[PDB]
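Participant: Residues per chain are reported as follows:
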Amino acid sequence: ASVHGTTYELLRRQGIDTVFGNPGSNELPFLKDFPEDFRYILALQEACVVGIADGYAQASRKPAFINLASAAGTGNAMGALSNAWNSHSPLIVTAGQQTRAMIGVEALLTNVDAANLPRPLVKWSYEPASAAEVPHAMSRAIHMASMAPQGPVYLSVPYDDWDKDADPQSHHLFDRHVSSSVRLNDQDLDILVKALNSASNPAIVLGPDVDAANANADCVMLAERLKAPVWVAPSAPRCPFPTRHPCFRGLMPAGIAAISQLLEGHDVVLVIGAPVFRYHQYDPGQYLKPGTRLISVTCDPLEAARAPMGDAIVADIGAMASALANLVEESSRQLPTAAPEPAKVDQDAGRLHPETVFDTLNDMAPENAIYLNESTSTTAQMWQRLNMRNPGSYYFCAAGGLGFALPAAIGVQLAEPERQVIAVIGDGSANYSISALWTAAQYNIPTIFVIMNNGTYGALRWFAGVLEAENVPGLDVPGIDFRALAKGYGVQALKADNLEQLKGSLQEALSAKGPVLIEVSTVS
Amino acid sequence: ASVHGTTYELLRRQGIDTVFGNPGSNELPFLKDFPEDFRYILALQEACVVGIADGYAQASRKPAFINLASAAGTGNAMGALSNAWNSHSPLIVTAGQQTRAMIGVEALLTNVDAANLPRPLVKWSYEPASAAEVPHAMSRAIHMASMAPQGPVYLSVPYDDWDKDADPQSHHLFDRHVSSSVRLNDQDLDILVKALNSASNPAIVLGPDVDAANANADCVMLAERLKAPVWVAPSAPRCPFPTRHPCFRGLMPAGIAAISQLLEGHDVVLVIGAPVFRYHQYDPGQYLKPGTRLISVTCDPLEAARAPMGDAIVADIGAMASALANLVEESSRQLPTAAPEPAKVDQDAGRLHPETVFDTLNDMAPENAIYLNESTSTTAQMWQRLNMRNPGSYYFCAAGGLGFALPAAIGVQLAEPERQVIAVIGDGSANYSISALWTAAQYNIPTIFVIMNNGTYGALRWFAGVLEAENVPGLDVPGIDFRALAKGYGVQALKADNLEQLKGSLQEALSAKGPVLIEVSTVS
Amino acid sequence: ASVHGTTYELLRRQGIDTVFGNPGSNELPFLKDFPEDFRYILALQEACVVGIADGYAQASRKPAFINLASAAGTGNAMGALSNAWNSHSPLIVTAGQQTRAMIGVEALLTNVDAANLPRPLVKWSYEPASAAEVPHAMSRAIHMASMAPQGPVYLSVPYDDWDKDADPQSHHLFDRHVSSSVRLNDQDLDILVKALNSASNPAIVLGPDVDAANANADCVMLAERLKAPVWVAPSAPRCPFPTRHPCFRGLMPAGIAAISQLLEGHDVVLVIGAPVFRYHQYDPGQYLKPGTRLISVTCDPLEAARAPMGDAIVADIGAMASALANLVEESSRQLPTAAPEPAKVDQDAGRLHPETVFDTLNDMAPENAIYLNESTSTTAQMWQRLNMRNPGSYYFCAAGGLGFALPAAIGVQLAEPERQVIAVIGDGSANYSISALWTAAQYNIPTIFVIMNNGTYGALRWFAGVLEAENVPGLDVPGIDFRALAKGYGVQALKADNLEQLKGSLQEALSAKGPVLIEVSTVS
Ligand SMILES: Cc1ncc(Cn2c(C)c(CCOP(=O)(O)OP(=O)(O)O)sc2=O)c(N)n1
Ligand SMILES: Cc1ncc(Cn2c(C)c(CCOP(=O)(O)OP(=O)(O)O)sc2=O)c(N)n1
Ligand SMILES: Cc1ncc(Cn2c(C)c(CCOP(=O)(O)OP(=O)(O)O)sc2=O)c(N)n1
Ligand SMILES: [Ca+2]
Ligand SMILES: [Ca+2]
Ligand SMILES: [Ca+2]
Ligand SMILES: [Ca+2]
Ligand SMILES: [Ca+2]
Ligand SMILES: [Ca+2]
Ligand SMILES: [Ca+2]
Ligand SMILES: [Ca+2]
Ligand SMILES: [Ca+2]
Ligand SMILES: [Mg+2]
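Protein sequence lines correspond, in order, to chains A, A' and A''. A prime marks a further copy of an entry chain. Note that the deposited numbering numbers the first sequence so that position 490 is 491, with each residue one more than the last. Note that the deposited numbering numbers the second sequence so that position 431 is 432, with each residue one more than the last. Note that the deposited numbering numbers the third sequence so that position 263 is 264, with each residue one more than the last.
I should point out that these hints are in silico values taken from the structure, not numbers from a laboratory. There's no promise every hint is true.
Copies of the same chain are indistinguishable here, so a pair counts whether it falls within one copy or spans any two.
To be verified - List time: in silico EDC-like cross-link candidates among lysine to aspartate or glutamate, alpha-carbon distance up to 20 Å:
{"id": "1", "residue 1": "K33", "residue 2": "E469"}
{"id": "2", "residue 1": "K124", "residue 2": "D114"}
{"id": "3", "residue 1": "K195", "residue 2": "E331"}
{"id": "4", "residue 1": "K228", "residue 2": "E368"}
{"id": "5", "residue 1": "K514", "residue 2": "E107"}
Use the sequences and the hints to build the structure in full.
Facilitator: See below:
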């Protein structure tokens with residue numbers, strides 16, 4: 002067998018059947034003879050390729066396979082890899098290299114010092130030293146991406162390797178099963194459970210790895226048993242809990258002082274599947290107030306090591322959440338009271354308040370909708386106004402890198418064809434990965450894109466305000482016609498300049514057969 | 002509090018009380034006001050510093066703390082770090098940096114791009130961006146070294162940081178407990194146990210992480226219950242099993258074909274705490290023969306990913322070995338028969354056969370002796386001839402890097418003052434870290450060093466022979482007087498030119514109050 | 002032809018005929034069939050291998066070729082590479098890698114991510130992607146080491162590559178000539194010359210790249226023409242000027258304020274072949290005083306970029322010094338007056354003052370002696386007391402990394418068999434690379450080693466004093482018998498406990514046929 006044939010067999014045997022890519026010449030020997038049982042999803046720029054794959058992996062809860070065009074293609078994707086690193090997304094990023102005989106002279110398309118290129122944003126990065134090693138290296142890549150803590154990996158392959166003979170002993174790779182589905186030993190788990198049972202006023206904080214593990218329901222049971230309020234850890238990349246459950250308390254503000262104040266009076270705070278914590282703004286003060294003990298369960302040693310406070314346990318989130326939910330006592334304390342209904346912001350017949358948009362989406366979208374957020378000045382309101390009952394219902398750029406949501410929404414929609422995906426994206430953010438729209442059109446992936454157009458980088462204007470920073474350039478983005486961009490890439494386009502038009506456009510979009518972009522005129 | 006005071010409090014609270022070091026000017030502000038409850042162990046060269054610390058950490062089963070002199074000191078230690086990486090040794094390697102105001106100009110002793118220096122041989126490498134971050138960075142270093150898979154880490158600290166004010170909120174670091182003591186979830190563990198119970202002819206292979214976890218006794222119970230022969234994985238850095246237990250089958254040869262042949266007919270092979278596998282020689286063939294399934298339990302994702310065959314489970318070795326030992330059924334198969342007595346090699350009244358040396362050591366050493374091996378051509382015979390009943394009884398350079406055993410034997414002896422350490426080191430190997438002898442003399446650490454002097458790099462002569470490689474230079478090391486070297490560093494020195502002298506010298510050494518070096522004239 | 006044959010032909014054609022090494026198994030296929038016209042110089046530890054090669058390269062003014070044992074051997078050499086980077090030493094560091102078929106599984110002796118290991122201390126680091134690339138990669142290594150700014154490079158070669166067929170087109174590599182012997186364009190050079198001619202009180206500062214270029218005599222002419230005092234740049238790795246020439250002003254103290262004060266009143270300061278500047282101690286103040294302009298000529302862009310003041314020209318030091326010396330006008334100013342005779346320190350019949358040692362060496366050593374310094378507390382006095390008339394007469398660890406001088410003195414002596422090498426090394430420093438002594442004995446390289454034994458790390462005690470740092474551990478190194486160490490490695494050993502014995506021992510050493518070590522009892 003060839004390296005090509007063996008590698009595709011390995012991929013298939015390991016459950017991979019889709020290649021997200023933008024091709025180049027070093028990849029043609031890999032992509033030729035493309036298997037009939039595989040899917041290739043083309044995108045027009047590599048940030049888009051990787052964003053789509055990332056959404057697909059996050060929603061599918063399985064690795065996604067990517068093929069990029071040597072160094073330039075890899076490089077174009079590195080912002081997308083920054084997000085994937087923070088979301089623990091299991092991405093197998095492959096790129097073609099020059100033929101081995103031309104690497105030394107640094108022929109055009111040689112990826113120099115290739116393994117160092119995507120560092121430090123990958124868990125493992127490698128170029129094999131021979132053709133026959135390629136299937137083994139691919140096996141390593143699959144497993145490295147997939148073991149907890151999951152994350153992106155990089156493999157560079159000289160294009161002449163594919164046609165070479167494989168090692169027959171590579172057949173041992175095909176059916177390897179590698180598990181990291183582990184939990185704390187019984188003795189220490191019993192100690193933890195006793196501490197939770199004995200807490201007088203516990204609180205729970207959940208991060209994205211809960212949703213990635215589909216541990217959401219177990220966390221609901223845990224919160225009900227402990228009668229504990231539940232927050233989502235700051236800068237949330239995913240939604241780990243039903244947002245109208247009575248225990249839910251919403252998104253934590255991303256500040257040191259704000260979080261210790263929120264946790265004041267809680268004697269034990271159990272954090273599951275989050276860094277401790279993904280703060281953002283400068284908000285100095287106490288990490289925790291006196292009387293609060295924090296215990297973190299994380300899938301990532303790097304998270305456990307860097308937490309500035311608390312105990313930590315490094316284990317699989319699904320295994321731990323299930324064990325804890327089934328072991329803790331039912332507290333006789335009263336169940337927390339549900340958060341009040343959000344206020345309705347006054348809305349005239351002109352430009353839309355973002356709150357109006359979210360309320361309308363919540364009114365009109367199906368109960369199993371999936372939202373993506375890259376409307377950076379409106380996140381807090383979005384989190385308050387969308388009832389997200391189910392797992393896998395929310396994604397936000399995990400490293401804060403714009404250009405995620407537009408392509409990721411396409412990948413999520415590909416992963417979840419029965420769940421309507423609605424990406425709410427600011428006018429500024431929409432441009433970073435605008436060409437991803439084409440993939441939705443070409444493959445008829447029926448994502449809805451809601452562009453919040455206020456003509457400015459609003460979140461930056463806000464942050465400049467708190468700085469009292471004057472004379473900052475580059476904050477306004479006037480003069481972008483998103484309906485024309487959608488037309489450019491073959492996506493049906495609608496406008497919403499007021500509330501009646503927003504409702505009309507959403508109705509039309511929700512009943513459409515393909516992707517739809519709605520340009521919403523929002524308040525500045 | 003100062004950064005200095007806070008950092009030493011963190012170290013003490015995290016169980017660190019000893020600094021292994023060779024000082025330099027960038028470290029003086031760290032080392033000044035050295036706490037009265039800490040120990041400083043000086044060694045004269047940094048390979049020695051790190052080797053001593055490594056032995057101490059491996060034997061103590063806890064992190065060891067190191068302080069080195071900027072880039073040159075770090076650099077001198079990098080061979081030692083190669084071994085530490087392969088042994089999963091929890092080493093906290095710190096080095097001083099120039100004062101922040103002088104880093105830009107690259108003053109003498111500036112460690113340029115410091116974090117990259119020890120890569121790729123460390124789990125984490127870092128220089129803090131401010132003085133107040135230093136205690137937090139130290140906390141990260143401690144935990145990164147200590148979480149499974151354990152390994153060396155590197156922290157570079159500008160020397161002016163120590164006297165600066167610490168963040169009062171660093172007190173939250175002091176008592177953090179971070180656990181990776183995890184095992185496979187119950188459902189999947191039950192599947193594994195059923196596969197082990199149903200095996201008709203199981204075999205077990207154990208690696209160094211068993212001994213590091215002190216899982217040895219649990220592995221004995223597991224082997225007895227399964228009635229399974231037990232091998233030590235190739236290139237063994239430690240001894241994970243009693244070498245005269247009836248199930249023991251010795252050290253696996255480090256070859257692909259040799260290992261699959263040894264495993265032929267075993268339907269399930271359970272590997273615990275080893276890479277799969279640390280082959281060495283070129284020995285092409287089948288990874289496994291038809292009819293053998295391999296299942297690996299490893300603490301290291303990188304091991305699990307790169308195994309060319311088998312299933313894998315990534316978990317703590319102690320937690321897994323204990324669980325498996327207590328869950329498997331007692332097989333009614335007959336217990337394996339003990340290996341036969343090794344042959345006595347004919348020995349005249351002249352130079353010693355290595356087999357004679359090992360037999361004599363086994364006859365005369367206490368039953369709780371600890372051996373170290375850096376006598377590279379004699380390893381197979383050593384493994385056959387020493388009865389090592391207890392855990393922590395054997396160490397060998399885990400990356401094959403010479404210069405480990407001489408200093409490591411000092412660290413092991415410091416860790417285990419009641420267990421006589423005997424380092425068996427070739428004449429070639431002895432030179433790499435010869436100055437470590439001084440530390441044994443200075444601190445009166447009573448290691449015994451047995452130098453196997455055959456005047457040559459024997460293992461290289463052997464490997465050249467199998468290559469039929471002629472005209473290789475540099476293989477002979479005549480003209481080294483090890484008794485004079487020992488005198489040079491203040492260590493009592495004896496000779497053994499024949500068997501009667503070997504016995505006499507060993508008797509004298511075993512009753513000595515300090516370290517002793519015996520130069521043994523061995524056959525060429 | 003094989004890769005082996007082609008590579009050795011390339012080396013020979015490029016002027017390389019000596020391999021400095023410590024062998025390992027991955028190197029045996031390279032070292033076999035070793036050419037009869039090549040020399041192999043064995044050393045017993047890799048810091049020693051590289052130090053010897055470094056001295057040889059620095060003194061010979063040509064590249065030196067090194068072969069080390071995979072990752073551990075490379076790692077053991079990294080402190081030595083730190084010095085080589087700072088001295089711009091042209092070192093071609095090669096290491097063997099595992100056979101390509103065993104790299105993926107990370108067999109013992111696999112150098113993982115090999116090219117990253119010696120970073121950031123090398124100019125170029127590489128592992129070829131195929132056997133036929135190896136000669137080309139070797140060519141790259143040779144030229145990268147040799148082009149200005151010269152420095153160490155690293156090449157890792159899988160051991161199976163050597164026996165493979167070479168590309169016949171590799172013959173084009175053999176006779177490539179690559180020049181960086183460049184100087185500033187005429188127009189801009191004329192501007193510089195006019196600025197020098199018009200200076201009213203010029204000063205010159207010279208660094209190690211002057212001596213490396215053998216630009217010393219040109220710099221003498223330049224200083225005579227400009228009637229300018231000449232200093233050696235701080236932390237000097239080499240001696241770039243005759244130390245009893247009337248213009249000579251000695252070693253600059255390595256402090257910001259001290260240097261600007263020394264330069265006060267000099268309107269133009271021309272620095273040649275030095276960083277600006279290799280400061281060490283914290284000595285804050287002005288980089289230059291008002292009225293001083295600095296112009297630097299450096300071979301290294303990294304030096305030019307980081308200078309905090311002055312103009313810079315990046316060019317070959319030999320070409321620039323020759324051009325400037327021949328273009329500047331003869332000033333009618335008076336030639337600077339020679340520095341006064343150093344004082345004779347009172348010396349009783351007991352332990353030696355270091356000043357006495359240097360005065361005696363200066364009295365008894367030949368006029369073409371070569372000195373090495375690793376007696377860290379005595380450098381200033383050494384520089385005042387040795388008349389070094391010729392180029393290539395002084396070496397000191399360029400990165401401050403101890404363990405350089407003992408092996409480097411052997412390499413220098415090998416390079417300059419007609420010039421007596423005398424290494425003056427502290428008792429502390431002597432231990433780092435002590436085993437290098439064996440190479441001097443084995444190859445009968447007649448270096449003289451003068452060990453300054455004061456029982457302590459004196460320079461650290463001094464630096465602690467200025468810090469008022471109390472309770473620093475690890476500063477004393479009692480109990481080392483250097484005569485026994487010399488005996489250990491087969492080197493003739495003498496003692497000097499007083500002045501009469503020092504004279505007697507030096508007389509005996511200077512007339513000896515082999516290497517000699519003299520242990521001198523110096524004041525504490
Ligand atoms: C790749 C990239 N570039 C720039 C930014 C900086 N950035 C920018 C440019 C923001 C403004 C986004 O504007 P928007 O129109 O999408 O939404 P708002 O008007 O609601 O802020 S928010 C923010 O962090 C970024 N995070 N990521
Ligand atoms: C740091 C380093 N350098 C070189 C080697 C190469 N090496 C060398 C030099 C060996 C010979 C050791 O000789 P010895 O006298 O200690 O023992 P034997 O004579 O029993 O082989 S075995 C081997 O792998 C190495 N492994 N590590
Ligand atoms: C490899 C390494 N380790 C440690 C040091 C720190 N160091 C040490 C240990 C010095 C003392 C050397 O003592 P010596 O006996 O050789 O000479 P003096 O007594 O004259 O200082 S000077 C100094 O910078 C270093 N520069 N390089
Ligand atoms: Ca509503
Ligand atoms: Ca799906
Ligand atoms: Ca906007
Ligand atoms: Ca016996
Ligand atoms: Ca102990
Ligand atoms: Ca030997
Ligand atoms: Ca004199
Ligand atoms: Ca010469
Ligand atoms: Ca000294
Ligand atoms: Mg490095």
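Participant: Which of the listed hints are not met by the structure?
Facilitator: 4 and 5
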